[PDB]
Every structure is written in C-alpha cells, then in structure tokens.
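A single chain comes next, written as structure tokens; it is the form deposited in one PDB entry.
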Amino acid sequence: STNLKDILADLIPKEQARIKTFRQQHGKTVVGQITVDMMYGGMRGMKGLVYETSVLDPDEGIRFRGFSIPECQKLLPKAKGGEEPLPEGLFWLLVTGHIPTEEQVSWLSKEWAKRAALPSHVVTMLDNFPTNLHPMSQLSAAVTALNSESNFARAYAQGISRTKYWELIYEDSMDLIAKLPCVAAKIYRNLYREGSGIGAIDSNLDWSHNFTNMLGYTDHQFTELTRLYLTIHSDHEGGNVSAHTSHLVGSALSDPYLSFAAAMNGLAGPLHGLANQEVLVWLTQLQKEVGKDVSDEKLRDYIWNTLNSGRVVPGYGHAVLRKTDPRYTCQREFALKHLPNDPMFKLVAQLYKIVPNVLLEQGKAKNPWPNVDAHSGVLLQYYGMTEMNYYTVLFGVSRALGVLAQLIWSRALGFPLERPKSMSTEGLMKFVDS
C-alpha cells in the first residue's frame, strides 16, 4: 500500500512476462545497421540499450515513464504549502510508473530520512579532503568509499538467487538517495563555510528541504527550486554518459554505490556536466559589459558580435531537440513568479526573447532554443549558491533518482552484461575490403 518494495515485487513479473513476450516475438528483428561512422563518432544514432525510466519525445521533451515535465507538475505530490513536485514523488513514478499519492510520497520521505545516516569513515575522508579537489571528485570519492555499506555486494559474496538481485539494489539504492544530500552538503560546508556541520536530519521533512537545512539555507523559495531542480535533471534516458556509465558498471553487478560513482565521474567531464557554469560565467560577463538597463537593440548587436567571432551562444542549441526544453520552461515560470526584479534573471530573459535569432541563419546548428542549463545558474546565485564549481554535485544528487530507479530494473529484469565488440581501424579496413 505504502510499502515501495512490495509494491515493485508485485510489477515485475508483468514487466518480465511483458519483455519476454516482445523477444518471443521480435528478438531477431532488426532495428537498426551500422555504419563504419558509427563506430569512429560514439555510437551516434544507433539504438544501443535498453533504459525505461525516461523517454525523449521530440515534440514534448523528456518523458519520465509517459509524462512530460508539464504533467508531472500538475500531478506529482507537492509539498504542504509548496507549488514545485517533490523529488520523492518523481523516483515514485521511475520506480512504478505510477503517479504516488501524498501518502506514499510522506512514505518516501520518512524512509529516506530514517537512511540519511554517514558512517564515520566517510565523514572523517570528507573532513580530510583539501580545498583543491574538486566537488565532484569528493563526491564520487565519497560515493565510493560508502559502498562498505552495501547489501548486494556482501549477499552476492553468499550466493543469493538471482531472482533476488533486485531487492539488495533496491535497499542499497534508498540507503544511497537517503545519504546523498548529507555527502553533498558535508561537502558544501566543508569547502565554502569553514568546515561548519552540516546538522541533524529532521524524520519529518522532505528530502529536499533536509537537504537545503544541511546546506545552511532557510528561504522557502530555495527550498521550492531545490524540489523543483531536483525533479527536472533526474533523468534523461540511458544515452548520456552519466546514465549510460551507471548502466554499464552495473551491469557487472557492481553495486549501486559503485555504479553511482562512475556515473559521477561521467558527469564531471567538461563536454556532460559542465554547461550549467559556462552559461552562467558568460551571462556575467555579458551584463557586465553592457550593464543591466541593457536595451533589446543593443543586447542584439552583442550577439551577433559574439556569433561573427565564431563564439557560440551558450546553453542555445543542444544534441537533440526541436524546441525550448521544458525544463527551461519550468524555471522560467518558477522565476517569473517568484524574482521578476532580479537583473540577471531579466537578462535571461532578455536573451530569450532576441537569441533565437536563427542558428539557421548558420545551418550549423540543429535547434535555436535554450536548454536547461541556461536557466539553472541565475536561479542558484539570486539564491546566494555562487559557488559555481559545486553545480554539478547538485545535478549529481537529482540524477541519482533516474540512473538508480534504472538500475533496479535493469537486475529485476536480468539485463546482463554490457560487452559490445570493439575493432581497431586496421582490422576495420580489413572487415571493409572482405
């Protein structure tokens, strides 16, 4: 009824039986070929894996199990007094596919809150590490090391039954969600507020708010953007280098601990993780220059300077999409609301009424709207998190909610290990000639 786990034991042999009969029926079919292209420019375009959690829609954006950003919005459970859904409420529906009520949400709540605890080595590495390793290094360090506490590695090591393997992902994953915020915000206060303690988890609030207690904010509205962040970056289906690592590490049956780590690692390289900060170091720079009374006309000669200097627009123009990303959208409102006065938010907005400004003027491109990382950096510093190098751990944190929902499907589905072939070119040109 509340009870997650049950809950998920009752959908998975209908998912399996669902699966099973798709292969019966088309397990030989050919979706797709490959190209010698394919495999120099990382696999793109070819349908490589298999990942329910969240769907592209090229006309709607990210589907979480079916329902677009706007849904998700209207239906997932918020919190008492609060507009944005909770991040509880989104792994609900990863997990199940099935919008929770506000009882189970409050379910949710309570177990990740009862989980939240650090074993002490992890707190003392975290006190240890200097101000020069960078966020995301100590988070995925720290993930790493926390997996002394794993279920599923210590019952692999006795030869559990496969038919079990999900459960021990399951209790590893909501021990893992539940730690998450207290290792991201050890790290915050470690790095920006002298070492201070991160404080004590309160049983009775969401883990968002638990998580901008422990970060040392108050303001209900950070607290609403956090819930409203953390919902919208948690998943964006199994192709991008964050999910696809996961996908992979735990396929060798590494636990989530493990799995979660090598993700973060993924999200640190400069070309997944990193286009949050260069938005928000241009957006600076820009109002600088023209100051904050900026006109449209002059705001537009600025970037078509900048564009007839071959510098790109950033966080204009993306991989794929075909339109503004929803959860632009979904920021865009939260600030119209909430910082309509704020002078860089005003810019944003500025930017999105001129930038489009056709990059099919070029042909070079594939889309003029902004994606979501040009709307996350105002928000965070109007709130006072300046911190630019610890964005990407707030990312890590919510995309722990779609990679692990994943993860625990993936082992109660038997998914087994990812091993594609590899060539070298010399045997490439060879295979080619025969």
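So that the term is clear: the rigid core is the largest set of C-alpha atoms that superpose within 1.5 Å between two forms. Numbering follows the first chain given and starts at 1. First, how it differs from the form deposited in another entry.
- Once the two forms are fitted on their rigid core, between these two forms the CA displacement reaches 2 Å or more only for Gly291 among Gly291, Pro270, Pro130, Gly197.
- Once the rigid core is overlaid between these two forms, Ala117 does not reach a Cα shift of 2 Å, moving by less than that.
- After superposition on the rigid core, the Cα atom of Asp301 is displaced by 2 Å or more between these two forms.
- Superposition of the core reveals a Cα shift of less than 2 Å for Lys364 between these two forms.
Which structure goes with the form deposited in another entry, now that we have seen the form deposited in one PDB entry?
Partners and other molecules have been left off, which leaves just the chain.
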C-alpha cells in the first residue's frame, strides 16, 4: 500500500525464482578470468559479487536500479518548497526497483522520524568522547554500540528461519537510517557547537531537513544541498570499499549495525572517503601558492608542476569510471544555479576546463575527468560547513541508504558467507609452475 515492508514481501519471491532459474541454466557459465595481476591488484576488474541496488557503468556512471541521476532529479519526489530529490525516495527506489509516489515518500519520512531516538548509553558514549577523537571514529563506535538495539541479532540467537531473516534486517536498517542523523548531529554539536543539544525530531519533516536542523543550520538552500548530497552519495555499486565491507561482514550474518560500522571504518580510509577533504586542502594550497584570482594560463602551469612532482590532482580520476562523474555534474548545476560568483567555485569551474587536457598528455590516468569529490567541499564550505574532518560523516550517512538497501536484498536472496580463497606469493608461484 504505502507499507514498504509489504511491497518488499511481494517482490522477493519473484526475484528468488528469477535467480534460481538463472543459476540452473547459467551457474557454470564463465563470466571472467582471474589473473595473477588481479590477485595482486586488489581484484581490479574481477567480477566478484552480485549487488542489486546500483550498477556503475564505466562510461555513463551510476544507475540506481537502472535510473540515472538526471532521471532521478526529474522523477524522484522533492520537498514541497524544494527542487532537490529527497533521499527517502532514493532509498525506496533502491529497495523496490520502483520510483515512489509522493505519499510513499511522505510515509517513509514519517517512519524514520518515529524510529530516530538514541538509547541513553549511546548518548553518554558520544558526550564523553574527547574532541580529538575523529568524527568518523565516533560514528563507527556509536553505530557499533547501537547493536544493543538489533532485532536481527536477538532473533537469530533464538533460532529463526532463514526465510524470515530479511524482515528483521529491514527493521534494523530502517531503525539505523532513522538514528544516523541524530548520531551524526550529536558528533557535530559535541565537536563544534560546545556540546549543545541536537533538539527535537519533527515528524512532519523529511530526513535531510531534520538532519540540517539538528546540525544547527537553517538556510533552506543548505537543506536543499543536503538532500542532493545524501541522494547522490547513497550507492556506488558493490565493489567500493564501504559497500563491499558492509556486504562481507553482513554475509557472516552480522546485524546491520555491525555491518554498517565496519563499512564506516572502510569509508574512513584516505583512499575511500577522504578525497573531498584532499581536494579542499589542495585548492587552498593552490590559492596560497599562485593567488586567489588567476587567469587560466598560470592555473595550467600549476597542474603541470603538481604532476611533475609526482603528485595527483585530487578529485580527478576513478577506479572504474572513465568519463565525467554525473555526481560531479549535478553539484555543478546546483552551484552555478545557487552560488555562481563563489570564488572557490570559480576555481573549481576553472579546473574543470584545464585539468582534463592535462592528464591526457601525461597519459597515465584512464579517467582524466572529475569525480564527485572534486566538487563537494566548496558547496559545503559555501554554506558554513567548514569542518573538513566531519565531511566523511555526511558521506557515511548517505551511504547507509545504498548499503542497507542491498543488505536487505542479500538476506532476502539468501546470499552466503563471502569466502574467496587466498594464496601466498610462494603458493601462487608453485601453482603457476604447475
């Protein structure tokens, strides 16, 4: 009806049947080869897992259940006075494969509003943490401590049918999504608002709005940016470190809280969730070095120096993507729509033109075009979100949507423990020699 759990109950049998047939006909079909280099090279280009919620196409970028971000911008419900898609509807899409109605999204905002209360042990933990404990650590720790609240963990220990796993996983996932802005906002306030209270959840507000309210912002366009941000960082296929970590830990039947916290520890890594900060730090050094106002000619020579030094241009490139990132494009649209005379944004715009050509000549790049992280920092900074250490928390809150959507499906489809075979160098040499 508007009850997601019932709609999902109807979808699951159909998907189980489809997969069962496909495995019966094509289980033994070879879809790729594993080389020595793939084993040493982090499984690069290895088809490794099934992940239903999103598929990253190298040339066009991300599709959410086969929908592009432009399609999502147009189709997904917006807040009444807003233009930006609500992350609620994105989650509905990832879970159901269907664009929700307005009423479905309204129902979901209300659900998450009612599940958001933190247990007091987690409030205490958060309030006692020192200011020098990184916000991503605080998040992960708190989410792990939330596992006390887990339906799945409790029911599993009492012996529960395999077929009922997804239901408890759904319940925990909805609970975690609900609580995450409260957790995230407590961290922000404890670190940068002298430990002031996060205030009330409003049952008539969407998730992003309750979040920006608890963060202590009121600017309507910041809420709009947050809706966009939370929508587009939500999922990036299954092979990224945070999706894969959530997937792997979850495959051992760790509850959503544990699986998500482990994902956060992966997103905290420099090579996964820190690029936003790296970009902003690089832009700041840029201005410092050549000046806050620059012609396109100087700017072109700086890139070259960067590269000759053997240093990357942050925010350009991607592991699998090979064209401009649609997550970048849509932030650009927001900017030139809402802050086009922003000096930092202008630099971001400038680099868009210049950097691509360079990286080409250099050769080594595969993808000479920008990723999402090239553009997120200047938007956030524009609206007073200046605490760069905190940025990966926003990413984390976003990424819950995609990874938990998929976790529900992994349990509904009965995906088993992920357990590849490892080899040593010595072992792999003898293997090859016979």
